[PDB]
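> Spelled out from the first residue to the last, the chains are:
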Amino acid sequence: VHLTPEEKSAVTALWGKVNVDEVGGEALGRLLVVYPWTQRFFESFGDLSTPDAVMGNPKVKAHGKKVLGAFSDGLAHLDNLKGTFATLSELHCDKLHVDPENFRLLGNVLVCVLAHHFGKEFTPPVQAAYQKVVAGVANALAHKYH
Amino acid sequence: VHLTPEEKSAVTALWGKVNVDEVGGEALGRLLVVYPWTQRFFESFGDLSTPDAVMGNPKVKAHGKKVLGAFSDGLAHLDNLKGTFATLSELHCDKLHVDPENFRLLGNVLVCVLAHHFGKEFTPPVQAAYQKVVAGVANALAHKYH
Amino acid sequence: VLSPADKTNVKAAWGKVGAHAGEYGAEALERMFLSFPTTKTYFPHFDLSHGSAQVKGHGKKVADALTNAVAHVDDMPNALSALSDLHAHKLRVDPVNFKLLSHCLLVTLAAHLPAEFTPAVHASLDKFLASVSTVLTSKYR
Amino acid sequence: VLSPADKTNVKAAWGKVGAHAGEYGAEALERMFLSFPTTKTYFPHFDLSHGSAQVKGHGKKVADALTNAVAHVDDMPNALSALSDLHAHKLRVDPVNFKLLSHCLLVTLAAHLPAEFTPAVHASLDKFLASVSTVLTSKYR
Ligand code: HEM
Ligand code: HEM
Ligand code: HEM
Ligand code: HEM
Ligand SMILES: OC[C@H]1O[C@H](O)[C@H](O)[C@@H](O)[C@@H]1O
Ligand SMILES: OC[C@H]1O[C@H](O)[C@H](O)[C@@H](O)[C@@H]1O
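Residue numbers (PDB author numbering), protein chains in the order written: chain D, 1 to 146; chain B, 1 to 146; chain A, 1 to 141; chain C, 1 to 141.
Since no wrong hints were added, every one of them can be taken at face value.
No more than 35 Å apart at the CA atoms, straight line, and that leaves these computed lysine-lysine pairs for DSBU-like:
| no. | chain 1 | residue 1 | chain 2 | residue 2 |
| --- | --- | --- | --- | --- |
| 1 | B | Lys144 | D | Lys65 |
| 2 | D | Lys82 | D | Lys61 |
| 3 | B | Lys8 | A | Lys40 |
| 4 | A | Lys139 | A | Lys90 |
| 5 | D | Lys132 | B | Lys144 |
| 6 | C | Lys90 | C | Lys16 |
| 7 | B | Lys65 | B | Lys144 |
| 8 | A | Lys90 | D | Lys144 |
| 9 | D | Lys59 | A | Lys40 |
| 10 | C | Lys61 | C | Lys139 |
| 11 | D | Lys95 | A | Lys40 |
| 12 | B | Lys95 | B | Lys65 |
Simulated from the structure, these hints should not be mistaken for lab results.
Isolated chain D (complex conformation):
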């Protein structure tokens, strides 16, 4: 992912101000609610039956943190996304057989969530740069299909 070095740090900047214990869980939780067929990869998670049941589920928040961390790994190494997500790519593609359209959906709900949490500070130039980062994660995760 090629960012104008403005971009590179306008993104680092929003990400330190990210509640690391709560935004993965909201992004993961909105995926399962907005795209309900995604709950199939997560049947081991118990109660997933209403938005409120999904959003307050402890397994969702726990897993949302591990997802967000993988993203944090991504922002750190924007020049090597395919080496960072190679282990994850194999997991999501070869074992879990997740259709890669879903990678893109998650990354865009993460954008709707960052926008939710920062409002007027998540501006078009700021989105624009996150769209490239999140396209890059999805591409890198989908590498085992390419």
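Given chain D's structure and the hints, the job is docking chains B, A and C with the ligands onto it.
Positioned in the frame of chain D, the structure of chains B, A and C with the ligands alone reads:
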């Protein structure tokens, strides 16, 4: 694209019977009919107002055998797809900005046309082997978006 | 959204399926399972071998449900509600899978009924099948 | 297909747009051009400088159509019949672009109205935006 020895012989065997002058124009033509938003890329071709205007177009037909020819260079070197399609990747991605979902739909309409011509010769295992080639062509054509 | 001309092309071509319904449904299914093995994960309880009695039986119901949908083309949400509940609510089917079966239903219709598989009919059939998939993948209860 | 509870969420939440409509449809457009430069193809002569009056005008037309789509949620094919004419027959807009705009519409609703944008309302808005896109990329007349 990793095919078996018999998948490879079954594919080679069915292609040899393909009329090089007609199948690609028939594939391109149904793309334009089945998915009309694709006509926007071929505005210099002339009349595409009706299904019979599309299928009786000498431009669609002439451009079709160009598409087919590139699929043919595909089957000839399935170990070197990315590079067979490197020049076309850049044209379709960087000059033309064709959404890669359209690469997948054209591959499928060609399968539909292969089925239509070869009927019961076009068997489940023969389709399966062609879907591999066709996803390989679309994934290689899309390489500039990766 | 289907055109008047779309409804007519589908009726005209599905109508010619007749007694081969379950043969085409089950061929479509086999086509799906061999072309895209990820789809198999939805049928862990089935024998999915070429000769399979379950595939042939399930082949029938899909095809008959499609005839059912042609007959109510003007408002399938109501005609296919038990089907919507099953696929969207209970099975949680990834809608990519509906694109795969649809493609395999057109591959079968091309191979069996080539006099009917004109571009216009092809176009209508593709639109029809997408309308159905949209219905079976949505939660509207 | 939208549920009865989808329509409630959409009507309720979209109704809070009011005077901000042309502001919101304009920002949504700007998010789309910045984030997705490929969408610029359809607007080759637009002025797209940050505050361009062309973009605010067009921003207003886009929002007022959505406001009217909500009013006719059970009758959109006929309600937005001419908008399909434009987008599908004339412009021949690739449906991928509808997803990219719909998403930017959702980012603009979350950034401005966080209290409306619950998970449930998010799902409903997403579905409602997909249903309008199907009407505007379809040919059915
Ligand atoms: C696009 C961004 C995504 C990121 C950054 C991400 C990240 C992660 C990480 C770090 C793990 C833990 C891996 C481990 O501990 O070995 C994981 C597990 C998993 N992910 Fe993903 N993921 C993404 C997308 C998805 C999507 C879209 C789905 C399904 C719709 C999915 C399904 C799963 C499943 C089923 C597991 C492990 C199963 C379980 O713990 O129950 N992931 N993901
Ligand atoms: C996925 C399979 C495809 C293959 C193998 C393919 C192959 C080709 C080839 C061989 C050429 C000619 C290059 C030359 O000038 O020597 C070409 C040009 C072109 N292709 Fe494709 N193509 C594919 C899909 C598509 C799709 C989906 C679209 C748009 C919907 C498209 C639009 C075009 C356009 C607009 C040109 C330039 C034609 C002109 O001069 O107006 N192609 N392609
Ligand atoms: C053309 C669209 C489809 C139609 C018309 C359709 C129709 C049906 C019908 C009639 C049944 C029988 C259920 C009953 O008797 O209560 C069924 C069940 C089922 N469907 Fe679908 N279906 C479609 C697409 C799909 C897809 C894409 C998948 C996933 C790959 C899928 C997975 C299943 C499964 C696992 C069952 C239950 C099988 C069993 O336990 O016997 N369907 N569907
Ligand atoms: C939510 C989906 C959309 C809605 C509700 C919408 C609404 C509208 C309306 C009402 C008009 C015509 C204004 C008038 O004459 O009264 C219009 C025109 C137009 N739209 Fe859309 N639109 C949507 C999506 C899109 C998308 C995704 C694109 C492509 C990126 C697009 C490209 C255009 C273009 C090029 C025009 C004509 C602009 C000109 O005057 O040159 N629209 N839209
Ligand atoms: O990776 C970025 C690309 O994503 C999508 O495929 C777009 O349709 C394409 O035009 C864009 O350049
Ligand atoms: O002639 C075509 C031109 O006129 C139309 O009215 C459009 O508004 C304009 O943007 C377009 O380039």
